[PDB]
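This document starts with one chain, in the form deposited without the partner chain, laid out as structure tokens.
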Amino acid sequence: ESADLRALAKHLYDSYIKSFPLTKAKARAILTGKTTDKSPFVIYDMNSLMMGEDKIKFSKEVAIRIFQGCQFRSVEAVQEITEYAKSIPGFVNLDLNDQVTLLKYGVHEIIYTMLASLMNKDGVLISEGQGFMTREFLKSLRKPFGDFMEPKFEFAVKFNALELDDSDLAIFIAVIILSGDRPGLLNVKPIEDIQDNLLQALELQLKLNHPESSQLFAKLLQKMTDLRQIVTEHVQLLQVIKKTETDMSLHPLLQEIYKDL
């Protein structure tokens, strides 16, 4: 019955809002500076970056500070995602070692999915939207850290072209966690039973919310290829900073879900 799917769709969107402080709705409202009830401070070089603290709650180089921000932002999102994931029906019932494995492997694909909500083609919101750092300022950093964000902007523009809203994303990111082809899953079939369910919810949720978009379902499922390549590119980048920056700490949670290859 499609009516139970809808009850599932509503439950997830509700836990989504409850787990993530900055929705896509709030982000698009900040970004279209026609809604100027709260406008972002814009960082665009190092001058802007320095004044961004006379204004915003924010000798140790800048590209690394930039990056250990992106680091501890990633910690932030992982804890919001694991909280969101507990709320997915059946997920907390699963073998504990497999809870950990869906999370290990689904979380980064989910940071970059949601990173798109914060993104347009010129930059990305910062500190839960108070600030907005340009895409070029990012591109300009010290020669290694000078391109880590660049494949996110690449995916985000093409992903944001589908124009999903949060009530669509909440079901999509659930599908991502509940994959079943993650490495090392002891019992995968109950995982596939839940995802069959999430897929059905997602399919009819897109069908009802975007009824002029033939096969948005097929086209949204394809973008899962782009997340996998973002994650690999990122882990490769990550290793170069390790060696060419032996003074560069990394958070052990991030360090923990990063078991490479």
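Residue numbers count along the first chain shown, from 1. We call the rigid core whatever largest set of C-alpha positions still superposes within 1.5 Å between the two forms. Compared with the form solved in complex with the partner chain:
- Residue shifts between the two forms, rigid core superposed: of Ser213, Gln200, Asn209, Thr35, the only C-alpha displaced by 2 Å or more belongs to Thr35.
- When two forms of a protein are overlaid on their rigid core, residues whose CA moves 2 Å or more are considered shifted, and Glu53 is one of them between the two forms.
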Given for the second form:
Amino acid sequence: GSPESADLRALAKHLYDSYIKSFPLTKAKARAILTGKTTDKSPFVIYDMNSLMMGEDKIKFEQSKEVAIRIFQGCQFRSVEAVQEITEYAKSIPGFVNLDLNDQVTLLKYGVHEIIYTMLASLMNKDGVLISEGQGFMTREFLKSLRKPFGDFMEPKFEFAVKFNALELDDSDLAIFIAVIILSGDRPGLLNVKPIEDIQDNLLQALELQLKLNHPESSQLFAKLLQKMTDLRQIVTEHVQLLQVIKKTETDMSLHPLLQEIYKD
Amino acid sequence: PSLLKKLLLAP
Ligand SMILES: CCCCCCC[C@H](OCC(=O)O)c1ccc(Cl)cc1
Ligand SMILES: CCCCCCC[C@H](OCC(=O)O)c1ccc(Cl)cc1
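Since the one above is the form deposited without the partner chain, can you give the form solved in complex with the partner chain too?
Up next: the whole complex, starting with the chain shown before.
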């Protein structure tokens, strides 16, 4: 009834406010930069090797390693930063910090990359990706051009992003969507699934009401977002497969200890 | 030895 609905809107707002606190660059700010509607300094565009060299100081997060490997390493540190932000966000979801601590770890271990790819879409258009909190823009063609197989990592994320961004979700919608994904009761090795699904069920009701109110003309948007959750799991599976290739092909790659924990399978 | 657990426990 209306009392439940009001509580769902208060939960949606709490999540939005926590999302704003956790993530430095929101979708609204990212899209303004991408569409060129900001007053702030323009991102440095990296579209070829010359511009990467020039722009390197603008986009920094010494270097004799080959460029594809250097981009690979830099990406880990950005990914590790994202894990930290997502963990802060998860701790703001009501009920999360009261879960068994090993289950909180499990939820982050198996959920964080699905969230990374969701939030990465906010930074992407069909032509490239905003990097370094808006200070750079690396073209999709440049990343595709990196020597095999490094040029294969980002393209499926761009493919996901263009379709995902066509749904026109805003930061308020995204805050609930990512909370739903974190609270997935089917992650391997969860010790107590029922409290997780109880939280998720309430988040799913908050998401459905959010979409009905914020996107009244977008038919079955909720069903579309449930399908995107499945699509994100496929992106993760494919990314892991590519990592296995690099591990078998490339000689001495240093994997960050936080990613070592996450990818310990 | 869990880095995720350390992140979760920091207020
Ligand atoms: C395996 C996926 C490729 C690596 C991901 C890059 C991380 C990206 O960072 C942009 C930057 O800092 O340039 C990002 C994404 C989501 C959040 Cl929530 C925060 C940051
Ligand atoms: C080539 C241009 C795109 C980089 C591709 C994403 C990189 C990937 O992402 C980090 C993550 O899965 O969290 C990763 C994994 C392990 C190492 Cl050692 C380095 C990078």
